[PDB]
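Here are the chains, one letter per residue:
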Amino acid sequence: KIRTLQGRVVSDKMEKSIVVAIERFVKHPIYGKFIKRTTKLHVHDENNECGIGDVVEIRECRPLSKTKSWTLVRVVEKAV
Amino acid sequence: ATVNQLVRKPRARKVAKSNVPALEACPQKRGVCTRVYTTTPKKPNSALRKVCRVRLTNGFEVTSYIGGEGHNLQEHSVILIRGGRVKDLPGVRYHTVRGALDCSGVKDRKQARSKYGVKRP
Amino acid sequence: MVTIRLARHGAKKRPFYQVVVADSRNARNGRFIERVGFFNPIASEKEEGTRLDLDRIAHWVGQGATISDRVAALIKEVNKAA
Amino acid sequence: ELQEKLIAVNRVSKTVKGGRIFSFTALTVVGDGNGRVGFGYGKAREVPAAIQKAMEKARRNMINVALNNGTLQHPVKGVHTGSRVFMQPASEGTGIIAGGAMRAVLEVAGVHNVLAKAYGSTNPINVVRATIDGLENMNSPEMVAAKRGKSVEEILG
Amino acid sequence: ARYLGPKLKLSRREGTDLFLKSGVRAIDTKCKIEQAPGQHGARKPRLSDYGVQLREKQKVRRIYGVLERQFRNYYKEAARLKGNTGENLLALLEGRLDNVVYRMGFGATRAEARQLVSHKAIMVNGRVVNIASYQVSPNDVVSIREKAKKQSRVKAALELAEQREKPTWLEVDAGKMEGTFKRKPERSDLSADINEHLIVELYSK
Amino acid sequence: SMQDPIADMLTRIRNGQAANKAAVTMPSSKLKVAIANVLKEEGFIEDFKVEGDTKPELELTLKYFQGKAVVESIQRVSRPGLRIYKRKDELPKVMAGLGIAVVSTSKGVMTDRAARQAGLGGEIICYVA
RNA sequence: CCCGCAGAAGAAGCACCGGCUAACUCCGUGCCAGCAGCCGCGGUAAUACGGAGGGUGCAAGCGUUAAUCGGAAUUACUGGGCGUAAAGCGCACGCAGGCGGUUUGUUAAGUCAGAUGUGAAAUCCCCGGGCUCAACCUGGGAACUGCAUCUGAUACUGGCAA
RNA sequence: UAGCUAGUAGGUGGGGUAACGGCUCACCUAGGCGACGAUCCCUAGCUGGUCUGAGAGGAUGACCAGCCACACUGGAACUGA
Ligand SMILES: [Mg+2]
Ligand SMILES: [Mg+2]
Ligand SMILES: [Mg+2]
Ligand SMILES: [Mg+2]
Ligand SMILES: [Mg+2]
Ligand SMILES: [Mg+2]
Ligand SMILES: [Mg+2]
Ligand SMILES: [Mg+2]
Ligand SMILES: [Mg+2]
Ligand SMILES: [Mg+2]
Ligand SMILES: [Mg+2]
Ligand SMILES: [Mg+2]
Ligand SMILES: [Mg+2]
Ligand SMILES: [Mg+2]
Ligand SMILES: [Mg+2]
Ligand SMILES: [Mg+2]
Ligand SMILES: [Mg+2]
Ligand SMILES: [Mg+2]
Ligand SMILES: [Mg+2]
Ligand SMILES: [Mg+2]
Ligand SMILES: [Mg+2]
Ligand SMILES: [Mg+2]
Ligand SMILES: [Mg+2]
Ligand SMILES: [Mg+2]
Ligand SMILES: [Mg+2]
Ligand SMILES: [Mg+2]
Ligand SMILES: [Mg+2]
Ligand SMILES: [Mg+2]
Ligand SMILES: [Mg+2]
Ligand SMILES: [Mg+2]
Ligand SMILES: [Mg+2]
Ligand SMILES: [Mg+2]
Ligand SMILES: [Mg+2]
Ligand SMILES: [Mg+2]
Ligand SMILES: [Mg+2]
Ligand SMILES: [Mg+2]
Ligand SMILES: [Mg+2]
Ligand SMILES: [Mg+2]
Ligand SMILES: [Mg+2]
Ligand SMILES: [Mg+2]
Ligand SMILES: [Mg+2]
Ligand SMILES: [Mg+2]
Ligand SMILES: [Mg+2]
Ligand SMILES: [Mg+2]
Ligand SMILES: [Mg+2]
Ligand SMILES: [Mg+2]
Ligand SMILES: [Mg+2]
Ligand SMILES: [Mg+2]
Ligand SMILES: [Mg+2]
Ligand SMILES: [Mg+2]
Ligand SMILES: [Mg+2]
Ligand SMILES: [Mg+2]
Ligand SMILES: [Mg+2]
Ligand SMILES: [Mg+2]
Ligand SMILES: [Mg+2]
Ligand SMILES: [Mg+2]
Ligand SMILES: [Mg+2]
Ligand SMILES: [Mg+2]
Ligand SMILES: [Mg+2]
Ligand SMILES: [Mg+2]
Ligand SMILES: [Mg+2]
Ligand SMILES: [Mg+2]
Ligand SMILES: [Mg+2]
Ligand SMILES: [Mg+2]
Ligand SMILES: [Mg+2]
Ligand SMILES: [Mg+2]
Numbered sequence: 003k004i005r006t007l008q009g010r011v012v013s014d015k016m017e018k019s020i021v022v023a024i025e026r027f028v029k030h031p032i033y034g035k036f037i038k039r040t041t042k043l044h045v046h047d048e049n050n051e052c053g054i055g056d057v058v059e060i061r062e063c064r065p066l067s068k069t070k071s072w073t074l075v076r077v078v079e080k081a082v
Numbered sequence: 001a002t003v004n005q006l007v008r009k010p011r012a013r014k015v016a017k018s019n020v021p022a023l024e025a026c027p028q029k030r031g032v033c034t035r036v037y038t039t040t041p042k043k044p045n046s047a048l049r050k051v052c053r054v055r056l057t058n059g060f061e062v063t064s065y066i067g068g069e070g071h072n073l074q075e076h077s078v079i080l081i082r083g084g085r086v087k088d089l090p091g092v093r094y095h096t097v098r099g100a101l102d103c104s105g106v107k108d109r110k111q112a113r114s115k116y117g118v119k120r121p
Numbered sequence: 001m002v003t004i005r006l007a008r009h010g011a012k013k014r015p016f017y018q019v020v021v022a023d024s025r026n027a028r029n030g031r032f033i034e035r036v037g038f039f040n041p042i043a044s045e046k047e048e049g050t051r052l053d054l055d056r057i058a059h060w061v062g063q064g065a066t067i068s069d070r071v072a073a074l075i076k077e078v079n080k081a082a
Numbered sequence: 009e010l011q012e013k014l015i016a017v018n019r020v021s022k023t024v025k026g027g028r029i030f031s032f033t034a035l036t037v038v039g040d041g042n043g044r045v046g047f048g049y050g051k052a053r054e055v056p057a058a059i060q061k062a063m064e065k066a067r068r069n070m071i072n073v074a075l076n077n078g079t080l081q082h083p084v085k086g087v088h089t090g091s092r093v094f095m096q097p098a099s100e101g102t103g104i105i106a107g108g109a110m111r112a113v114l115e116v117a118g119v120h121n122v123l124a125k126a127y128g129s130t131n132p133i134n135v136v137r138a139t140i141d142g143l144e145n146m147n148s149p150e151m152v153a154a155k156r157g158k159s160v161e162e163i164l165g
Numbered sequence: 001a002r003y004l005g006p007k008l009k010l011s012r013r014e015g016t017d018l019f020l021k022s023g024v025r026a027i028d029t030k031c032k033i034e035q036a037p038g039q040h041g042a043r044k045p046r047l048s049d050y051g052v053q054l055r056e057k058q059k060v061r062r063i064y065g066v067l068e069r070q071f072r073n074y075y076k077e078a079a080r081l082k083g084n085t086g087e088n089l090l091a092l093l094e095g096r097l098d099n100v101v102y103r104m105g106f107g108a109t110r111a112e113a114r115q116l117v118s119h120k121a122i123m124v125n126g127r128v129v130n131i132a133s134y135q136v137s138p139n140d141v142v143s144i145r146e147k148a149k150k151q152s153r154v155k156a157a158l159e160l161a162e163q164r165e166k167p168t169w170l171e172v173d174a175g176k177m178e179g180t181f182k183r184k185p186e187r188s189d190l191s192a193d194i195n196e197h198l199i200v201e202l203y204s205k
Numbered sequence: 001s002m003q004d005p006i007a008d009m010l011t012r013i014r015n016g017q018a019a020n021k022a023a024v025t026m027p028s029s030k031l032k033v034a035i036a037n038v039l040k041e042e043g044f045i046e047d048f049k050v051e052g053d054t055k056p057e058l059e060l061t062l063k064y065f066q067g068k069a070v071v072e073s074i075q076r077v078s079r080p081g082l083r084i085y086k087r088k089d090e091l092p093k094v095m096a097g098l099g100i101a102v103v104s105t106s107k108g109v110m111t112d113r114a115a116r117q118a119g120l121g122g123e124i125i126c127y128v129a
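Those protein sequences? They're chains q, l, p, e, d and h, same order as listed.
Residue 3 is where the first sequence starts when you use the authors' numbering, and the numbers rise one by one after that.
Residue 1 is where the second sequence starts when you use the authors' numbering, and the numbers rise one by one after that.
Residue 1 is where the third sequence starts when you use the authors' numbering, and the numbers rise one by one after that.
Residue 9 is where the fourth sequence starts when you use the authors' numbering, and the numbers rise one by one after that.
Residue 1 is where the fifth sequence starts when you use the authors' numbering, and the numbers rise one by one after that.
Residue 1 is where the sixth sequence starts when you use the authors' numbering, and the numbers rise one by one after that.
No lab work stands behind these hints, which were simulated from the structure alone.
Treat the hints with care, since some could be wrong.
List of simulated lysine to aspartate or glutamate pairs, EDC-like, C-alpha gap at most 16 Å [said to hold, decoys possible]: (1) e:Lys-13 <-> d:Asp-49; (2) h:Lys-68 <-> e:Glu-144; (3) e:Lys-155 <-> h:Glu-42; (4) e:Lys-158 <-> h:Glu-46; (5) q:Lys-18 <-> q:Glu-51; (6) e:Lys-158 <-> h:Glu-41; (7) e:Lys-155 <-> h:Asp-8; (8) l:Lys-110 <-> l:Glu-69; (9) h:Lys-40 <-> e:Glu-162; (10) e:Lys-155 <-> h:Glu-72.
Can you make the complete structure from the sequences, with help from the hints?
Next up, the structure:
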């Protein structure tokens, strides 16, 4: 299948582009404790489809600006 | 302690300073020498200890101990310096290498002659 | 251009040649794709002297890789029916 | 079954109106070389009088140690005062790789090969009690089988 | 490379007979053995735990004629090899050519066996060998070459080997100076006096 | 405030053994019963119940062989401040394999000895010497 | 590399020696001259200083030096502490953050299990082999505790349920 | 060192590039980054490995091998795959 990544939106106030955080629950190399680490990506989308505070699926694709190589696939669970 | 505290601020290793700032991990270093003189040590000893201020090549100004009975150092005369505290003269933390350069060997030594820079009899 | 050639390993006056598939531009000892047997000129008549994996040679020479002066003769030395 | 030996001898002072009077303390550990150990302290005015006084206490103050062939059963701690003491079973090769005081007690006990390290303070008296605490503590598979009332093979295998 | 000093001085310090000054006569009684290491031989040594290890190490060194740097290398090899570390230390020492040449009887002393190896006399599997440290593998045939065979130093030295215990692991022809090293030596076969355990203690710390 | 319930269970056992106490009541749970069963099945605890409908109180009954207690020592490994998940080959063996390590694996809670043979790893809950 | 020449012939130091740490005495000197890695040695009977012998330890190297790790559980994840030894903020409230009682259902992020990829070759590690032997050299093996990728296991932890 | 950033962050019109794209214009939107440490400051080639350690680690990056960078200093483009 296509190698997508789930993630919650941080902001969408840029016209046809969305910044999305990807929470990843990796463990600490030394101390062994599980940390909640973040990965803020820039992502493309046609129109202002997705708002602030909602889960989104994202695909790796062609680099369509300075940053912002990732692109939207679909929305799952809209904003509250 | 507390595994979360350590994630937030890890264990800082104690960066222990070097005893001998001769710099760049150097075995020995040349010195032009100024003021050769006699100094008294700390409490239980009592003596007239032979010592000289060493103007090192890199820029430092230190005191080095003149180990052995008698010496040829005076006013100037270029000498070589090795690491090693005397543990009596407070301040002095280097040793002159006897034999090398203008610093000659000790006169009439037999036992232990690499220390104190003397050839075979 | 990929080429099958010796690598020259081992001590002074005691060479040992790792026949190897490498690029033309890269060095003798340096980069390669995969080593393919060896050669020892100071072996003499004993158990082992020279070994050369002929199956991997078909993958490279069949495609488009040259064989050097020394390695071409070791294919003659190992023979097809002798 | 003697296998007695001395760990440490240490002179100690009292202080009285006249001046100071010195005595000596011994520290001897004895064992049969087959699962009995016993430290004895003892103290006397003269040095050789102390070691006899120590050895006599050591013989009486003996502890049994259930050990496998010529080694320990399982890795074992044994704290006492300021000495931590850890020691591991180890295999049929090797020897007693442990510190002095901690290895006098081990060799006369009859353990032929173990790993061992004295953490904390390494006071010869307290490390010897630290080991013997750990060796007394050390339970065998026959003890553990009977304690739970299951089976010697079902636990082990 | 070698000791080349007073050799029977080494036996008095160590106490026991080291087979350094063994030679033609059987027993010496010619040094005040045991009670005269040096000027201060009557001084009873207190002798610590590090002492007894180092006295044991130097004894095994001075018997076999090996130096600390080479002797340490045997320990490193011994630790990596299978079995027991102590048994391998001495099994490697006994496999030396100058030691096997001594055990065959081609040399009254081990220094004579070392020199006889070094002097192009000793030959094994049809190949001449000069190295005293040569590790003699199982199933071999050490021998003397035809030029140096039946010279005056070897014939007198072979008659000494009849008084000796004679190892079970190796065999000697005696007529044509031809030896045969068969198996590796076992602990129980040789010595029964020099302790290995204490020499394993010295190098593990 | 009562963050780890499982560690609290293992203290009531350890402290109950120290007092030479016969029984040990506590608030029950799914995982409490799973662990307490694994302890019973090998033979540290001698029987247990889960008496109650609305507010269930799981009580254990601690074993004693001599004057000494049966549980020599017992400690939480995978506490909530630091979870410890071990792989099949990397599973521990407590006391060189004569004490057990309770380990929550994907086919229910079980001993480390059972987890090796079953062919899977998991969250190591406690060591029981 | 293989044979012939001669004749022990051309070929041994240098640390150390009060304890730690394998190894003793005589002189000279007298808190002076000097040793000192740590403790510490000398004030007229120095085992520590200088000399000598005597020893001990290494030896084609030996000491000193600088440099890293070790011992140091003396930054402690494995593996330390905080009443009096260094160390509980003067005491509260509290957002972010860390952690969270108990019971079913569902996802599988964590976790676990297998899957294929791949971790360049070298060294490092075993079974071998060629240097007269080793050192070196080299053939194969595992190792390369990797990181990704589909498939499941759902106890535990998280997500979402009521 | 706690705030930094105006081709700065996007979108399109044009433009270039072997090719994706503020790589470069013209406009349009006024954002983007940062306590999961931006910015600034000091130091530094990176890795396979090496060294030490029981191992975790700590140190390290001479020698062989891969990658990057640089060529009297600072620019610039040409010629060609
Ligand atoms: Mg994935
Ligand atoms: Mg993972
Ligand atoms: Mg770009
Ligand atoms: Mg002296
Ligand atoms: Mg040829
Ligand atoms: Mg030919
Ligand atoms: Mg060509
Ligand atoms: Mg008095
Ligand atoms: Mg301490
Ligand atoms: Mg040598
Ligand atoms: Mg002594
Ligand atoms: Mg052989
Ligand atoms: Mg002749
Ligand atoms: Mg070691
Ligand atoms: Mg697994
Ligand atoms: Mg002739
Ligand atoms: Mg001749
Ligand atoms: Mg001393
Ligand atoms: Mg003493
Ligand atoms: Mg001594
Ligand atoms: Mg006299
Ligand atoms: Mg000295
Ligand atoms: Mg006298
Ligand atoms: Mg005197
Ligand atoms: Mg001498
Ligand atoms: Mg040396
Ligand atoms: Mg140093
Ligand atoms: Mg350290
Ligand atoms: Mg440490
Ligand atoms: Mg800790
Ligand atoms: Mg502390
Ligand atoms: Mg105070
Ligand atoms: Mg305080
Ligand atoms: Mg308070
Ligand atoms: Mg108050
Ligand atoms: Mg919160
Ligand atoms: Mg819960
Ligand atoms: Mg459920
Ligand atoms: Mg359903
Ligand atoms: Mg499912
Ligand atoms: Mg695979
Ligand atoms: Mg494959
Ligand atoms: Mg592979
Ligand atoms: Mg190496
Ligand atoms: Mg090599
Ligand atoms: Mg080999
Ligand atoms: Mg040769
Ligand atoms: Mg290979
Ligand atoms: Mg290889
Ligand atoms: Mg291969
Ligand atoms: Mg295979
Ligand atoms: Mg293979
Ligand atoms: Mg590799
Ligand atoms: Mg599915
Ligand atoms: Mg279900
Ligand atoms: Mg939460
Ligand atoms: Mg939530
Ligand atoms: Mg505006
Ligand atoms: Mg190591
Ligand atoms: Mg360590
Ligand atoms: Mg290593
Ligand atoms: Mg270079
Ligand atoms: Mg590379
Ligand atoms: Mg240049
Ligand atoms: Mg140029
Ligand atoms: Mg230029």
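Hint check results:
1. e:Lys-13 <-> d:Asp-49: Cα-Cα ~12 Å, so holds.
2. h:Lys-68 <-> e:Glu-144: holds (13 Å)
3. e:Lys-155 <-> h:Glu-42: Satisfied, since the Cα-Cα distance of roughly 11 Å is no more than 16 Å.
4. e:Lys-158 <-> h:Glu-46: holds (12 Å)
5. q:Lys-18 <-> q:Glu-51: holds (9 Å)
6. e:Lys-158 <-> h:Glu-41: holds (10 Å)
7. e:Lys-155 <-> h:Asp-8: At roughly 25 Å apart (the allowed maximum being 16 Å), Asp-8 (chain h) and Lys-155 (chain e) break the hint.
8. l:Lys-110 <-> l:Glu-69: It holds: about 13 Å lies between the C-alpha atoms, which stays within 16 Å.
9. h:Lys-40 <-> e:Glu-162: Measuring from Cα to Cα gives roughly 15 Å; hence the hint holds.
10. e:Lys-155 <-> h:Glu-72: holds (11 Å)
In terms of the numbered hints stated before, the structure departs from hint 7 and from no other.
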